[PDB]
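One-letter residues, chain by chain:
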Amino acid sequence: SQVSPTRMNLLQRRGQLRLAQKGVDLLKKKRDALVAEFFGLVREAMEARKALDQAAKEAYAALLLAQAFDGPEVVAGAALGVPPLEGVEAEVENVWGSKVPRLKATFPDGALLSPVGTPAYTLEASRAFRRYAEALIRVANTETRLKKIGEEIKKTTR
Amino acid sequence: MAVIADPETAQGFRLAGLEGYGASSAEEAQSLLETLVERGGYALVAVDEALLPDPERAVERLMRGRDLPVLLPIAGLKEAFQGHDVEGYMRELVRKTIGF
Amino acid sequence: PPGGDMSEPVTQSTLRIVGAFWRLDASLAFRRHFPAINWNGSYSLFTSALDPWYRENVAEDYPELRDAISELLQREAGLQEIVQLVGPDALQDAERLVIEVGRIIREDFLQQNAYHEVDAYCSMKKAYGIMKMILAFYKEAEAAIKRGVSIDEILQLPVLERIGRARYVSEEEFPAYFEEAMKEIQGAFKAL
Amino acid sequence: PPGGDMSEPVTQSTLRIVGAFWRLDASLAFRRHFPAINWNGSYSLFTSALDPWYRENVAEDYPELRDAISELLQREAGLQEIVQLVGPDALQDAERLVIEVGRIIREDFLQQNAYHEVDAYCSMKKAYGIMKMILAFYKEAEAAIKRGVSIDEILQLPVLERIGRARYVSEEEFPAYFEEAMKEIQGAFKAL
Amino acid sequence: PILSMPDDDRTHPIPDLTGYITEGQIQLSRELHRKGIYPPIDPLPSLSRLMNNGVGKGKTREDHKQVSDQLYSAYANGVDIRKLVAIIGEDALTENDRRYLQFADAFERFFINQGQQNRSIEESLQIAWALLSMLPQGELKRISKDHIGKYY
Amino acid sequence: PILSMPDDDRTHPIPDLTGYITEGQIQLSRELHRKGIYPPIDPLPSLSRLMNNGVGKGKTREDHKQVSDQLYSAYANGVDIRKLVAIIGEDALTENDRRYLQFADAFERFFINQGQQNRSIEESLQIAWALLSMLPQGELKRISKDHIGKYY
Amino acid sequence: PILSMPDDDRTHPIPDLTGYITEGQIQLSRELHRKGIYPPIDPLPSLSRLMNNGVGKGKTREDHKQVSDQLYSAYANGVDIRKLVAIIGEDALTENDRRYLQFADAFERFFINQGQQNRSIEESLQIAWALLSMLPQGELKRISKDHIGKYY
Numbered sequence: 153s154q155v156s157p158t159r160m161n162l163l164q165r166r167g168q169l170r171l172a173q174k175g176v177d178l179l180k181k182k183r184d185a186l187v188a189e190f191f192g193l194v195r196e197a198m199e200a201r202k203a204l205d206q207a208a209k210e211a212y213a214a215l216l217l218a219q220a221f222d223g224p225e226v227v228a229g230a231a232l233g234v235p236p237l238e239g240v241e242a243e244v245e246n247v248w249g250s251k252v253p254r255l256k257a258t259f260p261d262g263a264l265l266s267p268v269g270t271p272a273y274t275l276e277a278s279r280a281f282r283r284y285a286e287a288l289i290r291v292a293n294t295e296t297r298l299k300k301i302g303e304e305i306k307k308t309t310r
Numbered sequence: 002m003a004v005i006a007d008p009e010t011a012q013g014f015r016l017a018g019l020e021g022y023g024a025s026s027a028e029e030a031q032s033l034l035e036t037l038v039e040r041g042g043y044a045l046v047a048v049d050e051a052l053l054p055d056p057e058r059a060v061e062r063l064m065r066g067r068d069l070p071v072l073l074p075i076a077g078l079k080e081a082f083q084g085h086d087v088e089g090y091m092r093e094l095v096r097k098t099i100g101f
Numbered sequence: 454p455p456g457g458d459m460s461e462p463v464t465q466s467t468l469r470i471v472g473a474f475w476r477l478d479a480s481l482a483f484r485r486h487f488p489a490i491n492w493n494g495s496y497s498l499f500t501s502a503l504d505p506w507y508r509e510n511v512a513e514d515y516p517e518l519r520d521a522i523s524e525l526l527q528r529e530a531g532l533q534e535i536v537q538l539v540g541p542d543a544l545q546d547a548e549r550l551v552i553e554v555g556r557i558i559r560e561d562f563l564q565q566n567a568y569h570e571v572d573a574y575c576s577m578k579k580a581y582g583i584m585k586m587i588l589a590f591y592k593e594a595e596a597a598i599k600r601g602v603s604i605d606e607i608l609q610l611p612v613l614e615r616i617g618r619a620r621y622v623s624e625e626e627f628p629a630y631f632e633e634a635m636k637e638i639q640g641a642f643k644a645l
Numbered sequence: 454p455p456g457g458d459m460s461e462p463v464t465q466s467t468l469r470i471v472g473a474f475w476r477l478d479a480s481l482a483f484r485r486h487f488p489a490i491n492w493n494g495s496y497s498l499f500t501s502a503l504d505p506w507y508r509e510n511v512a513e514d515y516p517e518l519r520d521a522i523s524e525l526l527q528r529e530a531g532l533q534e535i536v537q538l539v540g541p542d543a544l545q546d547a548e549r550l551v552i553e554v555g556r557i558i559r560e561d562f563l564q565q566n567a568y569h570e571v572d573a574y575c576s577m578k579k580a581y582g583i584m585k586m587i588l589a590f591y592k593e594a595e596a597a598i599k600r601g602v603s604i605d606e607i608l609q610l611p612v613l614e615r616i617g618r619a620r621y622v623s624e625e626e627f628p629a630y631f632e633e634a635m636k637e638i639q640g641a642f643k644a645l
Numbered sequence: 120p121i122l123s124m125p126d127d128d129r130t131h132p133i134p135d136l137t138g139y140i141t142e143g144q145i146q147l148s149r150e151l152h153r154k155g156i157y158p159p160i161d162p163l164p165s166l167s168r169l170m171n172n173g174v175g176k177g178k179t180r181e182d183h184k185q186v187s188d189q190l191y192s193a194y195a196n197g198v199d200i201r202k203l204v205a206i207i208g209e210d211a212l213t214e215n216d217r218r219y220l221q222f223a224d225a226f227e228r229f230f231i232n233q234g235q236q237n238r239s240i241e242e243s244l245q246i247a248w249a250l251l252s253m254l255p256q257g258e259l260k261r262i263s264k265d266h267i268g269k270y271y
Numbered sequence: 120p121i122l123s124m125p126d127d128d129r130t131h132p133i134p135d136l137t138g139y140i141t142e143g144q145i146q147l148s149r150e151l152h153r154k155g156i157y158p159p160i161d162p163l164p165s166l167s168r169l170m171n172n173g174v175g176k177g178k179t180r181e182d183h184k185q186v187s188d189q190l191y192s193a194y195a196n197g198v199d200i201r202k203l204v205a206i207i208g209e210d211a212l213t214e215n216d217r218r219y220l221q222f223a224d225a226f227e228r229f230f231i232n233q234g235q236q237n238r239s240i241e242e243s244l245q246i247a248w249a250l251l252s253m254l255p256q257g258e259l260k261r262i263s264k265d266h267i268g269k270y271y
Numbered sequence: 120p121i122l123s124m125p126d127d128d129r130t131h132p133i134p135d136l137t138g139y140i141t142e143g144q145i146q147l148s149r150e151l152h153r154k155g156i157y158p159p160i161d162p163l164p165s166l167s168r169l170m171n172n173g174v175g176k177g178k179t180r181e182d183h184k185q186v187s188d189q190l191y192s193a194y195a196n197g198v199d200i201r202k203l204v205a206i207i208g209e210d211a212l213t214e215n216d217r218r219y220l221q222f223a224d225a226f227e228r229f230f231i232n233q234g235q236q237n238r239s240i241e242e243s244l245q246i247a248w249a250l251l252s253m254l255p256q257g258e259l260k261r262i263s264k265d266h267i268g269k270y271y
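Heads up: the sequence lines are chains B, H, P, S, Z, A and L, in that order. The first sequence begins at 153 in the working numbering and counts up by one. The second sequence begins at 2 in the working numbering and counts up by one. The third sequence begins at 454 in the working numbering and counts up by one. The fourth sequence begins at 454 in the working numbering and counts up by one. The fifth sequence begins at 120 in the working numbering and counts up by one. The sixth sequence begins at 120 in the working numbering and counts up by one. The seventh sequence begins at 120 in the working numbering and counts up by one.
No lab work stands behind these hints, which were simulated from the structure alone. Note that CB positions come from ideal geometry on N, CA and C, so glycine has one too. Please note: incorrect hints may appear among the correct ones.
As the list claims (entries may be wrong) - Label pairs and their in silico Cβ distance ranges:
(1) B:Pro253 <-> P:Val471: 52 to 62 Å
(2) B:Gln154 <-> P:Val471: 34 to 44 Å
(3) A:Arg129 <-> Z:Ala205: 29 to 39 Å
(4) S:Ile535 <-> A:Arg201: 26 to 36 Å
(5) P:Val471 <-> Z:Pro162: 27 to 37 Å
Stated by the list, open to error - What the simulated footprint calls covered on chain P by chain A, stretch by stretch (three residues with Cβ under 8 Å from a Cβ of chain A suffice, anywhere in the stretch; the number is not a length):
(6) 460-474
(7) 549-561
Just chain B, with the same shape it has in the complex:
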């Protein structure tokens, strides 16, 4: 078709392998590291998920006795008591494609703060929220980590 001259390039096109060939020589086991240890956070991902996932209903249905038919009401007075909405602590990090941010919502609130006095189930039931919020956190930076590792893994190896 039509590519390049003939002489003189010999030496330049030669430095190609060194550049390509070498750049990628190690670049392979390069990303391999973050993915290897990366799992350490993934396994744990379900650590809390499964753990508090089953204890989630624990209180929810637990107070379905004297609070079940009376929840709507118990909820009025202490519903979204201290629902900050992003009071959460967001973190920035670096991964192929740019730098994606993570974060965890850690703040004293679901920590037995909605008052209205109430019966017995409430306080035990409100405590349950903990396994959503608190737990739902394990995944925001770990469950998001996985996708992050997806791009790299793929783009890199591609």
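We have chain B already, so just place chains H, P, S, Z, A and L on it with the hints.
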């Protein structure tokens, strides 16, 4: 943070912490999904896997490829979490990392 | 060289005979680079014993401010290569540090419009100073980004545009000309 | 070739006609491996017609072992590949066992430090027991992790370590060393 | 004259000495004569010799001397990513240089999209100022501050 | 022997010949010298093929035996985390391997660039040790615990 | 004509000059046997100059002439796939590939290899279709709509 999923199970949400407000028959939930994002001024709103939680395409078909609060799939009714657990692991990881 | 081949009889035939060899690329002068020569491909060995005259005329530490710079012009390649291996994608903080540095260094620092009013010529105090103009920013760049400053605001620094209008200045205006920006530097950087 | 070449007259020519090729790998050696003969890169057409006599005079089942164990490379060539970096990880279990054996086959059986007097000299019927001792331990080793036995456990049995030395064993005690060692497995494995 | 050399051969026996001999030169690209750009003409290396001295002050318009040189490197930086682009990804790249490539196709597509166009000395200059407008006085380190905005 | 290639091409006779009869190899790189290293002499690229036996016990410094193959595989080992800054960063790397870095820099700048200095065969061996101190006694897999547990 | 080419490139006239002179051109790509395919012949260049006149119908199975090419575009784009596979991940494709894929295996040691097996023109083609069982009559457009339902 204002997220929803199921009415019957959401109730607690509105109780402490956040305020969840979804339907268990609103399989579509799209009605809300979008509206919710109209503002999207919370962290990352998620929902049960009984609605649109498998197809994240919902959030992306609406956000338009922008970085908006992401989705997190569950189930509402639990039973065995030793099934689609080792699976979600496989679901992210295979189409990349771990093939076989 | 007819084909321009650097391995032509005439190329080598002059080698080992005459030191401080230089190369002429094709897109170099056609683009905006003047003189249009090879960056690395052009080295010099006489500059070693050429320091005596320079030391006094220029300064007792001039071969120092000139050798530490060539340090980058030729070390910068360290990244140059990876650049042609990926690009600004996986850039970290020292990354565009050098890249661009050397970059401007060739657009206004190296390229000299021999067809301009005065720039056609530059004395020591001329050659010597400039080689410092950037340096400062470099110095201040080292603690700007390292402190945490994002190279991003560092990039569009208005004073940066000042460091590139130094080549066109004459030996007369130059002296005081640069010294006025040498202040605006530490000021329009350390700040941000 | 004093320049480690693969395609060159001298070479791709010889290959033109020969009979056997014993490629040595610079890396395999760079590790201090002796012999560090790289096999994926070695060959000998003789075996073909020599195989016949193999079992004829040596042992009817002799070849069937060699050609048999060779699977190492077969299930290793494309096994190491991806698994070279990743390693013992997302692997079911039998995954490792495949490269685990290669390890002994390559650190015990393969390597024959032609330097030492012990494993230096050797005759077929000697090496044969060696390769075997690793086989009769394999036909059951994989049947173990597939039936329920541990992976990173089987691998801590001193009975197998007695194999690494089988090569180092004197060609005369090898037999006697075989009687016990071999049958030692049948019972050294019965524990899970 | 006009010498043809088999395939894109710049080091052909022909262009060799001819380059030296001839003061300046012009280059043609097949890539454009087969994709559409017609007339398809591009002097990636052609930049004559004494074309730089003869226009700009007096006969022509004030601005011109620093203009040509401007357009030159100005474009170079562009297509430059034409490669790195086809390697790393599609959008992968800082938001600024994004403009560099974003205009490449422009300059080229348009500029060389000349036709039976009589294109006068002026009809030219104009276009040039119309394509340079995509990045205000910032990268334009060839022309002076006055002239630069002069036709901005 | 001591010569230069046409363009530093080992494919030429000037190099091939030698690299065929000569018992060793010792080149100089632009890189090395560019940063100021003097003498700018690479690592593995340079080496006397037959100086590996005439050293150590009896010859020069008994422990030289393993000392000679220590700094070789140990040093170059660091040359990896040397071009990988732009990847993660300085603290973005582990301590154990990151440490294998500071070595390289203190190694080329001071260890290799020795200018006109004249280090006696003994004043020269010490240095190695000194640099090796970077890694706590126990990280060097090249020399024996015996020799390092002493000179180190 | 049965003779090995230089290293393994047809670039050489050894095989090149052979192309025109000799009718057609068949090879083994040294990929089949080196792996386990016997006969280790590859379909890349295989294709004779006198195969056309004297085959297909009458001479042999009338659907041979039709399935001639069918297989061609089917297998080819088969490997094509396996190429980008390790390039993005075994998963990044659709039904448009998951089908041409298995088409590369079936044809692989499945059809080509067989050893000293004495497969006749009958046994051969008879099952030659058992490979196109997955591929629908729509995905193919090489043969008619009659022979496609003949021995599906």
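Could you work out which of the previously given hints the structure breaks and list their numbers from low to high? 7
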